[PDB]
Structures are given as C-alpha cells and as structure tokens.
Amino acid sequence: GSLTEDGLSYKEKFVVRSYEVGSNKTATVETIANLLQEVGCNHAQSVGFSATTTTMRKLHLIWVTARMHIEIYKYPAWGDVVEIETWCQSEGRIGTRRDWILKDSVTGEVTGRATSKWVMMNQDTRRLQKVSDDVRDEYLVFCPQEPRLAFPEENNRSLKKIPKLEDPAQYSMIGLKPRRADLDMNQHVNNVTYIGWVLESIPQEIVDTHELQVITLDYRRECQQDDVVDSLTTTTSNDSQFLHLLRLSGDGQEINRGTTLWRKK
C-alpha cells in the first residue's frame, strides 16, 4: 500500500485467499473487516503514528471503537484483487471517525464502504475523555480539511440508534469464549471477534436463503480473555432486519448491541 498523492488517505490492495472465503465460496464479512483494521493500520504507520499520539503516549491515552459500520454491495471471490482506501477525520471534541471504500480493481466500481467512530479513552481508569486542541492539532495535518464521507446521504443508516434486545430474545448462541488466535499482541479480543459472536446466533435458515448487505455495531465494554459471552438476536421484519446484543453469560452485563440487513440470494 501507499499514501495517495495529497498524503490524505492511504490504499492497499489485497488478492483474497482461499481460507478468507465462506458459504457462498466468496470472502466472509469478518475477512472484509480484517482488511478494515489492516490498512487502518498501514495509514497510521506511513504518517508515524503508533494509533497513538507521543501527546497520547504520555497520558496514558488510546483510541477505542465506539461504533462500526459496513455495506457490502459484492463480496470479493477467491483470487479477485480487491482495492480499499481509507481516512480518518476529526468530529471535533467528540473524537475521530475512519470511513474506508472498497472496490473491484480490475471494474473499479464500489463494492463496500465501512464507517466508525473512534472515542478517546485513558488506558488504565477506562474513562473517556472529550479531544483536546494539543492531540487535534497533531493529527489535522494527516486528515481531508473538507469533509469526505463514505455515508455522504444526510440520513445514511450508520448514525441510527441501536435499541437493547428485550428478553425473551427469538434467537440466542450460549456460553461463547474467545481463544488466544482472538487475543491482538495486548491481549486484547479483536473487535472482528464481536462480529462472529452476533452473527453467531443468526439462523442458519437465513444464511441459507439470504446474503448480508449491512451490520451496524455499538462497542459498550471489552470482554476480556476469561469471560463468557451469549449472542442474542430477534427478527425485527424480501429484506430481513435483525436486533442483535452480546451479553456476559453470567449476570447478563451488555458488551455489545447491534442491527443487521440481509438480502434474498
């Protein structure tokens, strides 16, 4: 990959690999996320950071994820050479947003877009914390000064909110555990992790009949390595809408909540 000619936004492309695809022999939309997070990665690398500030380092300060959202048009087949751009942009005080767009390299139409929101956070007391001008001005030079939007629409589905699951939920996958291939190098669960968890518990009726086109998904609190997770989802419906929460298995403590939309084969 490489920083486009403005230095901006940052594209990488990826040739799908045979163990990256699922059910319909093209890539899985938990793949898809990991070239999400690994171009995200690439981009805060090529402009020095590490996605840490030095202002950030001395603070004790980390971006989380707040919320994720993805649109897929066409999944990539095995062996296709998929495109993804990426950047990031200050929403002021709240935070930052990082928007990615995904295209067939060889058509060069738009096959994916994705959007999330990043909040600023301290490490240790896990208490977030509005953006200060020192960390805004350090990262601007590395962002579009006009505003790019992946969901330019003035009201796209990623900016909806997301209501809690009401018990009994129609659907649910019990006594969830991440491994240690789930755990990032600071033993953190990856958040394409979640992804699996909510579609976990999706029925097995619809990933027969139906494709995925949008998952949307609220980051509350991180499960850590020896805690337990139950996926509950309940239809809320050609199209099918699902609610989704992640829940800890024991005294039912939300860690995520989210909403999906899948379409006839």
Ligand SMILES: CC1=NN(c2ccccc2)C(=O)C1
Contents of the next structure:
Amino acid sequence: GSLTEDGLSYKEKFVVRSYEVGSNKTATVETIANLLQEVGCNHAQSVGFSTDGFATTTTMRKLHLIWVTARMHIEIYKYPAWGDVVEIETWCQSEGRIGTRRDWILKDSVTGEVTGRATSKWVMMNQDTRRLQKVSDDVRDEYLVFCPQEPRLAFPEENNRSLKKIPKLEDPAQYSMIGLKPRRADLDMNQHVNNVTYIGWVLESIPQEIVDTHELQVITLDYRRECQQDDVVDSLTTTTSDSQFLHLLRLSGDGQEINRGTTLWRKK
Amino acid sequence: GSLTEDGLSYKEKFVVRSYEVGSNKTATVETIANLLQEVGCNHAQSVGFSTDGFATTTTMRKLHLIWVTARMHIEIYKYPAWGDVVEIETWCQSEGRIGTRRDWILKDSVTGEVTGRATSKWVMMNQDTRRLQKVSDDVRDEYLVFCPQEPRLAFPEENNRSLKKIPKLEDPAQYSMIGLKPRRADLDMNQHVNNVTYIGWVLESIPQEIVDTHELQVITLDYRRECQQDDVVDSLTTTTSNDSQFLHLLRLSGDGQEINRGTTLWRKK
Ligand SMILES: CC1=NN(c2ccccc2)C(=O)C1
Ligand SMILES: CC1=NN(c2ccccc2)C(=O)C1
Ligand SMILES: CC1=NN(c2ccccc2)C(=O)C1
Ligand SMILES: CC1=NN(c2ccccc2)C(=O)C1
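Now show me the form deposited with this ligand bound; what you just gave was the form deposited without this ligand.
Full assembly next; the chain just shown is listed first.
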C-alpha cells in the first residue's frame, strides 16, 4: 500500500482468500468491511496518527479523546471472487464541528471498474466517560493538511442512501436471532468488539432463503453503544418492502439499543 | 505464492493485518490457522486438485469422497506482529492406507528464522454417509507425483507432542463456556463450520487471566464430528499441570455428544 501522488489519499491491493468467501464463491460483506478497516489503518500509519482504529493525534491522546464510528454505509455492485485482486482507495474529510468522514472506492484490479463504494461518519469521544464533543479548531487544523480541500465524496448524488434517517424497529420483529455473544476472535487489540462483528450480527436475523436467492447491495448501520465482551445481543429484522429490511440490535436483558440499520437486496 | 523449484512444496507470503492481531499486537492462533488453510488451498489449486478445502481428484468426486481433518497440531515460537511479513511453506505426504499428512513451516521474512510449525492428519470420508474408508492404491498413486518420496516432517523429534494420545475430560470441568453458536462468518463456501472456528471455541473456556499472563505455545486438536449450522456447543477445560497445560473437550449442548478433544500448552509472558 501507499499514499497516492498528491499524498491526500491512500491505496492498497488485496487478493481475496479462500476463507474470506461465502456460498457464492465471492467475498462476504464482512470481509469487505475488514479490508476497509485495514486500508484505513494503513492510511493513518502512513502519516503518523495512531494505528488502533482511532486515528488520534498526540493532543487527543493527552486529553483521552478518540474518533468513534457513528454511521457506516456500504454499496457493493460486484463482490470479488477467490483469488481476485481488489484495489481500495481511501481518504478523509472534516465536516465542520460535527465530526469527520472517511470514504472508500473499491475497484477490480484487472478491469479498472468501480465494484463498490463506502462512507463512514466519525465523532470525537472521551474514551473513559463515553461523552461526545464537538471538534476543536486545534484538533481539526492537525488533520487539514492530510485531506483534500475541495469536497471529494464517494456518494455525491443529492439525497443519496448514505444520509437517510433510520427509524426504530417496532415490536414484534418479523425475524430474530437471539442470544448472540462475541468470542475472542470478535475482539480487537484493545479488547473491544470489532465494528465488523456488529454487521455480522445485523445480518444473522436475515432468513437463509433471502441469502440463497438474493445478493446484498446496500447496508447502512448506525452505532449508538458498545456491546461489552460479556454482553448478549438480540438481532431483529422486519421487511419494509428488490427486498429492503429494517434492523435493530439490542442488549438481551434490558432491550437497550446498540445499533439500527437498513439493508437492500437484489435478486440473483 | 508459488510451487518451489522441485514442485514438491508450495510457499506464500502474508503481511499481518490490523484486525488479525490480539491484545499483544501479534497475530492470533486463529489468524495463523486461517493462513495455513489459505496456503494449503493455493497449493491444491497450483497442481489441479479441488479448492474447497477437500483437495479431491476427479476419481474422488465421482465417488463422493473428500479428505477431512482428523488432527491439527500447531506450535508457535514467535507470533508475527501487525505489518510483519511471514512466509509459509507447505507440503503433503501419504501415510499408507491410514490417510495423508499436510505439514507447514512458518518463517519470519526478514530474519529467515523458523517462528512456527504445524502438522495435520487427514482421513478419506464419503461426503454423504460420513463413513471413513482406507485409501485405495489408485487414489494414492494420483497424489504420489506431488509429494516428496523420502520422509519430510515438520515434527521429526522421537517423542514429539503431535502424536500423543488425548484422553477424555471427566465431569466436572474446571472451566467452561456454554451455548457457543456459529454465525455466517464461521461458515465456509460449502456452508460447513470452518475448521478454525473449533480452535476458537476450544480457547473460549481458557480463563482471561491465563490469556493475559501467558502465550499459547502448542495446541493439538482431534476432530470427531461436525457442529452443524444449527447446533450449540459447550467448551470445557481442566488444568493438567511456569508452563501451564490444559485438557479440552467440545460437546453438543444437548446430548453431550463429543465433537472435539484437545490439549494446549502455555508459557508465562
Ligand atoms: C479530518 C480527519 N482526518 N483524519 C485522517 C486520518 C488518517 C489519515 C488522514 C486523515 C482523521 O482521522 C480525521
Ligand atoms: C457514536 C457512537 N458510536 N459508538 C460505537 C459503538 C460500538 C462500536 C463503534 C462505535 C458508540 O458507543 C457511540
Ligand atoms: C497424499 C496427498 N497429497 N495431497 C496433496 C494435495 C494438494 C497438493 C499436493 C498434494 C493430498 O490431498 C493427499
Ligand atoms: C475424522 C473426522 N473429522 N471430522 C471433522 C469435523 C469437523 C471439521 C473437520 C473435520 C469429522 O466429522 C470426522
């Protein structure tokens, strides 16, 4: 991998592995999401920020501050097959005092064609109190020289799917997968549940018939709270319709919301 | 990746990824086991066998025969860190009519030093009936030209750990993790639970205090039955012992039917 010529974005190539593919012999959306995380981490390392997924500055580390994912939006046109080489380009942009955005473009290495695109919204939070805060001028100027100045968006279309508000699923859910627990493989180096595990948990309540007859085209997921290493999660899904679904992940006990999302599936 | 000069083994390099590391900032044993699986799959593809993890011939496919893992033995000396390049070399050898063996050597790309080694025993089974069968001379002859003729073993030592018999854990277990279920990420392209998920499930019943003060040095795991996509598993562990050793059992939550048994050796950090 490497920063591009102008140093304002980062590119990396990946060869899809045998254990990374699903029933269609192509990469799963969770394999894709882990690759987005990997290219983001290598971009942060290349310019001197932390490499723990939080991309912090020395100023942020002294005032125990981290960047945390608020929303993840992924649209895939073609999932790469086993042995295929996929090239991913990523960049960040500041969004005023609200937070920051990281975008990605996935291309097939042989054809040069765009096979997918993703966007994520990040907010600043104190790692101990979990309290969010607006981005200061000093902890914004530090990132400015590593981002494009003019807007560069993976999803430019006005009124696009990545910015739509997601409602709360009402009980009873049409489908559910209850009692989901993380194991050590679901944790990151800081012992927190990896952001991609939540995507898997969301997808657990989609019936196998849909997975067998359709391909996932779009997934938008809002992150509200963490599942701790010892928490248990219930995954709920209701059809809102192409097939579209509304999703909710909540803690098994008290029903506390951890995530909400939407998925769009096209017939194979 | 590529077959080596003599065409009797296969090598591939891997750069350790950010999501592949544990609390020590080094690759987990499950990341290592998936890489062993990936290099084995690329070796099978390079010479014309199936690429679904079963490494079958056209003769085996018409008979609905597959190779399945009976035992997996992994010994790690140094886990590679995030961003490190690890080179893995793999080869197979026939073991008469009993089955076949696949071996691996893990090296650090920069130093050339051996950082780990692994060996696995495979048996032939009918995909549908689950009935094992001894290897025929015609099946054995199709693989002979892709394997070294003289013995080449990742674990040559006289009384080495890879061949020790594993006893059955007696109730009550000292530790347990109950109600383990696979999710879609745990499945392979054929919708079966990936062999590496069982390693994770075994490790789930090791207390967090051990994981925090020790590093896993050796793991030997025997595979007896599959966990189906809709089965629930209980993981049991009892200490058998600086070094700490444990006996492990994975069984189906309902009837207590054994799916795996194993041993792990941990050394103080
Ligand atoms: C604006 C922001 N830019 N970045 C960033 C991160 C890594 C590489 C380049 C830029 C943030 O984390 C926030
Ligand atoms: C905004 C927020 N995002 N998150 C979050 C939770 C889990 C994983 C990633 C991010 C919060 O806790 C609040
Ligand atoms: C003996 C055996 N050799 N092999 C094998 C597989 C792939 C490449 C080279 C060889 C078996 O599956 C059994
Ligand atoms: C010998 C056997 N190995 N196995 C097995 C089970 C799960 C994964 C891999 C292999 C059997 O069912 C019998």
